[PDB]
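Trainee: Spelled out from the first residue to the last, the chains are:
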Amino acid sequence: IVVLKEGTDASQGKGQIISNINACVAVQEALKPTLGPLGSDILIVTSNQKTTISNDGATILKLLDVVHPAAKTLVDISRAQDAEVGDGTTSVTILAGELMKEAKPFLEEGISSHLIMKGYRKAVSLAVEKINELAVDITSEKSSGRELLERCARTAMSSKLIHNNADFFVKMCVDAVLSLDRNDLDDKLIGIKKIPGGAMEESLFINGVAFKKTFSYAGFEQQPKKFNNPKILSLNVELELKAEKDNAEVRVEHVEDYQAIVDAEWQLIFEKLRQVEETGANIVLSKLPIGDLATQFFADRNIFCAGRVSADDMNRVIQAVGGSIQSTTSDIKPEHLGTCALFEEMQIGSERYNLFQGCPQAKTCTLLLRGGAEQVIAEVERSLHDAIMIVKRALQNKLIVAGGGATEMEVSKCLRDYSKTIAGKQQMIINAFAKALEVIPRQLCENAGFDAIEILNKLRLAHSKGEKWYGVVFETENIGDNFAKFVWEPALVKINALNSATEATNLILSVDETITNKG
Amino acid sequence: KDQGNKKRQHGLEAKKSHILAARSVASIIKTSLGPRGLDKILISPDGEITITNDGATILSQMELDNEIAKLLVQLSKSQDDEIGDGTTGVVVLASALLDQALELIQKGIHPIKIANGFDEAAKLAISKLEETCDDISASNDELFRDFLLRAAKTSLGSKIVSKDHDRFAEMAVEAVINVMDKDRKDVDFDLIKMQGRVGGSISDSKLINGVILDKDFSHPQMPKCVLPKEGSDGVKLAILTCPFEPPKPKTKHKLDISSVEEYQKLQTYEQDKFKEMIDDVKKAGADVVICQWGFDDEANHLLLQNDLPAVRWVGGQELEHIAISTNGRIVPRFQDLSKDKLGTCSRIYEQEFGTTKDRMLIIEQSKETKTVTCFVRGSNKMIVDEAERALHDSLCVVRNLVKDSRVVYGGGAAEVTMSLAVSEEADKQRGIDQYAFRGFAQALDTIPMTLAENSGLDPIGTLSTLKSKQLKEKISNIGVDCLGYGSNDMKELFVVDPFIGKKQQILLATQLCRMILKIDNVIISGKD
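Those sequence lines, one after another, are chains A and B. Residue numbers for the first sequence follow our numbering, beginning at 1042 and rising by one. Residue numbers for the second sequence follow our numbering, beginning at 329 and rising by one.
FYI, nobody ran anything at the bench for these hints, they're computed from the structure. One or more of the hints may lead you astray.
[As the list claims (entries may be wrong)] One side only, chain A facing chain B, incomplete, derived with CB under 7 Å:
| id | residue |
| --- | --- |
| 1 | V1108 |
| 2 | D1228 |
| 3 | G1490 |
All C-beta atoms in this analysis are idealised placements derived from N, C-alpha and C, irrespective of residue type, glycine included.
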């Protein structure tokens, strides 16, 4: 009659560890096509009904929301990969899951997982030491300031639809990173706006901030769109004649009183409307719509206004001209105003776009992209995001290691020799760790269409011949040196990946039982 | 969270399910691709039944949960803004590339090699069409409008327009010329207002430069025409959001009248309000008073003595359309009236249509405007919407013909010439591209075979017949017999498509085919 769990499912034993292994393979198998710049993209449909397609492991695992506890640990460690580094969230989960696959036959042989986890901790400790030996300090050495940024951005943009126009896109990509303080570089500070229509090579770089120009209200052919030093005013409240929401009940029996209450509704609005002119600002920006009466009164005094501007764009305006948002039109102070070097409304893409240009106080920028289709430009923007992260980390981190299979093979190469000196179960565990490091160069060839059998075996040949820098060429299929091909990643990525993947692996291998309470 | 209601398709069984799912959606509109294509019955969620062959309507009316098919809807959505006539053609062409891609997957070829194969296939086919294209406006202006007028007659032959098509084809030519400039050469469809109403026939549909508000002028005694007013500048009208009358409260009325004295006092307020409003019209020099709300009958009586015709109950969006044609402004109140804010037109009159009791109005210009209004009529609702969208389809063709003078004859001709050129160059490439280019040429052959299946002809026999005529003799444009003629030549038959339209059709089709193959995993959750 009595029950221990009161109907709360709890399972233990070696079968629970196997169930944790199958969960790590399921998460790995989903991220395998998303590994590498040429890797395939995953189709994810969230319960929010927003269909997204991306290859970035961070965004992928955040939108899946896997309830499985052992599989959720691989998601939590991927968010740590997005925190400590921010790049490589796809490879850290695949490598951690591969450690679960290589530890599966050891569980059937009767080898305890604690000796397996202890073997990885000694393997990573030797692996990080080899990465420090593979860390090459380079700043001005055999490279200039311009060639270091350009030649590294061309490789990230290679094998893409932008390959032919890459010469123009590297110039805007390098100038985008140099437009910000090299001490603190944030990808969020670089704005990117997609412009439908037009040629890809005609894209422009804006030093200031731009937005969509969502103003739908009539009164056009006025309010000149080109200003030299406009005074930008950030507004909150609603200046439209006929208001959005509220109202009032007024009972009057006279005809002159009918026109009076209509003029009263006008005078109450015109009061705060005239206070905008008393500030003497040429640009009026508000997150709420600016009605026909307001845009007409601004047209007579030659004041430009745009309503219903996104909040994300208004925050960049504050970071551009150094202004501030004031709630009312009365108390507006002079320091809340701001000014740019040039203001123009561009018709590029058969659509009107307001832009601020030449802001000396701007901590952010905006880069416009053009193309024949909105989906193609989105691929250009994401291929640019991969190029920005390489250019950004090049200045922030001067210690680099050869990527694209180069470093992955050298770490796996030496640990096979280090395992010869160690005897016992730890020898087969280190050999399994070095074998688990072979999944990274493998999936890079499988996702790009290259043959995994020939290229990997040929890579194991020349790399064993005394040259440590041989990677996998992503352009023309062959083995080659990525140090010459300029495939570069900082040493902190390879160190934090081996530390985070083994950590998440050690947390899952240490779980004998999963207790889930229902309620 | 919520492990249930989550399905995952990956690897082996995913690639086969994606192609067959896109094939089922494409097989819907295959038979609807052509001038002879078959209609479909579409039922709105409100219960209305409509019958049309338009691909933009069928794909939008169809509600589907397939994410791969949603990419097909986004494919036709982006091209509809660019072109609009390639809706059903791009999906069948993209699915034909998917059907050939599925065959290459079964042969052991990776999807990345297939995507890179179709990429080099498009770049080679574009260069072949760029050499064989011809120009129209490069010859003569009268000859341009000759080919321009006959090009609209071709696109209107698949619709009920075909009877009166000679009239609607001239409408597509005249409507574009007015919204375009010789130096700018920019054709914008927003500058052309498409408007239609039920009743009459398609023979009564005219083309007028101006706007029509469909109003009887609020009173029969007011004249049916408006004079220039003794040497004034055109005819000045007012665009206002307030009616001509004593204004009324929008909450409650409940006016209490104690005796006859209070009723006679409101007579003076109502009479003096009339004089204050009419004086604002005479000082501003305005002829016709156009307002958003109706007018008082006693107010219209004084307008008869002052020779001031008035128009009441005009929509807000209709008020903005007058300010575009007449270069006017929307004026909130009577005291804001000024000569610069009044719309300046040539004249205003009420035009009677046959015995119909509608009796709309027409505001004219007599000089080139920034907007035009296409007037469309029909014996039935669906007839009006068909003739309106068929004329809009011709406007999209004229827009591409002016933007790009390079033209090709596209029906059944282009897919064969593209296939014959790629098939010959497939042997010289010698690699994975050889299977990709051979399947690319076979996927292009789907379009002319589909047209032959919709016209009642052998898709295999007609396709090869078009090939042998373009090989043994010379490379030219010889298309499918769908419309009919003594021969299959598309030149003398005057069936033409824009070269920039054919290039964007084969581009976006190859682009999405690479995006569908770009997806190696599909994870779809439920609705929480």
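Trainee: Each hint needs a verdict: does it hold in this structure or not?
Mentor: Status of each hint after checking the structure:
1. Contact between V1108/A and chain B, as hinted, is supported at the beta carbon level, the nearest pair being about 5 Å apart and thus within 7 Å.
2. The beta carbon of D1228/A is not positioned within 7 Å of any beta carbon in chain B (closest approach about 23 Å), and the interface hint is therefore violated.
3. Satisfaction of the interface hint for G1490/A is found here, the shortest Cβ-Cβ separation to chain B being roughly 4 Å, below the 7 Å cut-off.
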